[PDB]
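Here you get one chain, nothing else, as structure tokens; it is the form deposited without glutathione.
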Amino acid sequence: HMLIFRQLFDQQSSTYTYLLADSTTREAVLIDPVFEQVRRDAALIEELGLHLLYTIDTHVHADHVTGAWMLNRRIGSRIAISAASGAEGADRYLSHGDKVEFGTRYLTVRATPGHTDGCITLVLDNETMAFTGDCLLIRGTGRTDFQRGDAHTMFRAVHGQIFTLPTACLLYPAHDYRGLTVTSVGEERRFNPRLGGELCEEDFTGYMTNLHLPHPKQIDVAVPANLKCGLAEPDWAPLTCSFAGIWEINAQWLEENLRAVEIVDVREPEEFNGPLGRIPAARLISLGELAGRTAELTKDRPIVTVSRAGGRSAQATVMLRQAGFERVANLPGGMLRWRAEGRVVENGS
């Protein structure tokens, strides 16, 4: 049927992560995942009801540590990268012409070295979009001064693998520092200041040799970590983290261990003595008074906020975590889900 496509951006390394999936089979693939964003990217795969077949990595990154290894152990995905990168511990190595499939859709590998000798470009099956990585950026190119990088090879790879793509084809890069999101083949072929227009191989290399950039900060860490594919958490209840950021607690576990946590009920006083009941041992502290009543809460006990549907209780976690509570968890669905799952309620109807 349709393609499902999402662009995520890592503020700390300016990295674009790309999530593709086929709505027919709900099977997905995730391009250039970032280490610090693993709980975030996996949350979004669950809220979309997807299944991550592969994490693909266009090249060994110097700016950021990849999330391929962490995601392979969390949700089961498979570390793909090019064979030319040199990285150890991938489930599938990749070569020019490899068809990576997910559902009825697929991507196509194109070797585009120059940034590194392992850089690849993932073209979409219908060739409406492609993921160049660090080979070709928006009105620019990746740097050619480290990681076996050569500006002659980048120019040959852009004019021969990327500029041969259809004119209207969108080009999604792995980074951008100006707040831009996409560019087409026709734009760069014409307006790229480094190697578009009428520039020749000798015009590009004189631009790069005289482009002097500051090193990335995580270079001494990312490169050895990404050479091993990214190899170098709340343990007081079974906890997940919604894409929205809020931590949620397993209700079934909570029913079994009501004595362990400090259940806090943030509804109005009416609602607590009201028709929906209340979890046994709940503690009425209304949301509009929990700002300046935080001093009434034990540090030696995790806190689990509850409300009607679980919205005002999520806001209670942001309030408790700004007050310095390290163990806090919303109960998803609130009493409406609690009651509709048969769980024990006092003073109901």
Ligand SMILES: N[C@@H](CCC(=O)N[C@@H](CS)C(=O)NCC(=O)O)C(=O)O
The other form holds:
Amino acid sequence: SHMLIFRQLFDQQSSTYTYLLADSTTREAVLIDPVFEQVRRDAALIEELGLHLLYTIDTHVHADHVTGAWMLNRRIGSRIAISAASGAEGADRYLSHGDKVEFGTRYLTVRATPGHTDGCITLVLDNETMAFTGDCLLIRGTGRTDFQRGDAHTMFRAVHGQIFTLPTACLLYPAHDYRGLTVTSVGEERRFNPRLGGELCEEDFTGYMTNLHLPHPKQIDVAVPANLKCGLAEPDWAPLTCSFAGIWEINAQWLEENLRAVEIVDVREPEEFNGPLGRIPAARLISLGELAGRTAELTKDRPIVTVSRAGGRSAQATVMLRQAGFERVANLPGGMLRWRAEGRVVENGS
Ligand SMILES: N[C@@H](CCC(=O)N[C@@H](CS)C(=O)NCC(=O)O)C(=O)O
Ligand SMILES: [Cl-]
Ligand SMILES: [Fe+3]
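Having displayed the form deposited without glutathione, please output the structure of the form solved in complex with glutathione.
Once more the chain from above appears, this time first in line as the rest of the complex follows.
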């Protein structure tokens, strides 16, 4: 009913595109092809957008990366969805041709598009302005057809029957690109795809694919068994969360209840430290511009929380401390301003 929230995310290691969709009317969301290494990033992004993740959806059983479907299920309670035809065990919902994956007022429709694997699906947005083609159709290309259940004939018929029948202007988002491309469309691939577009026939395409010899994915021996189980098999010195920017944040309530358990490093200027906002009791003053050169005064025996006026300069303090070998470091988000606004203890205030 209202605007669609859409985010394309890239995993540099496997060149995988993850896709986040959500209805802004209800903030309910789905996530297509989440990457295991990217679980903290993806979950942080969902949190910062105020979203509720109903489903992870895997287009097929991947050979190049372990999916995040299980880790996200465990951590934020999202449901695992994958095709029935893929044969993976441990999912909450098996998908078949014509299934409708709802999120709020919006939905995706499932189209079976095997060829790369016999479980590949393509997800079509309700208004058919975009679709997610997994490794079936790629940007000016296709998925490989040469391992296990791969079949070039099946892929050709899938692309022509299920994808080239979408609207001409419909955008197509693939699970991978290796040249820095992000999207294509039905019209472009139908006309310019060099393997099965234009006037190429089924025989032309299969002859191409039977002579395409690509190295196996680097993670193949690890990923496919892991993904047949939907991705089955973390600082704990304080309750920590990692922001989308990548900064480790401490829970302020826990910090006030355990100030003796940590070293508190105030990176403000000397005037701010003795100034009207006050300081957190027992806070060590090492101004940010002095911090890098004085890291030998802090002990690795005890974790370190950085504080500044509003949490900005202290976030940068965490990066400097990590680059100097410190591991148990965290930022106090919102800084002295939020500490005071939440009525927490300060010395020398006003
Ligand atoms: N070198 C890549 C593997 C490249 C590859 O084979 N990607 C697959 C996706 S599972 C494909 O089907 N086609 C690649 C292409 O057509 O260039 C990696 O280690 O991840
Ligand atoms: Cl600040
Ligand atoms: Fe694949």
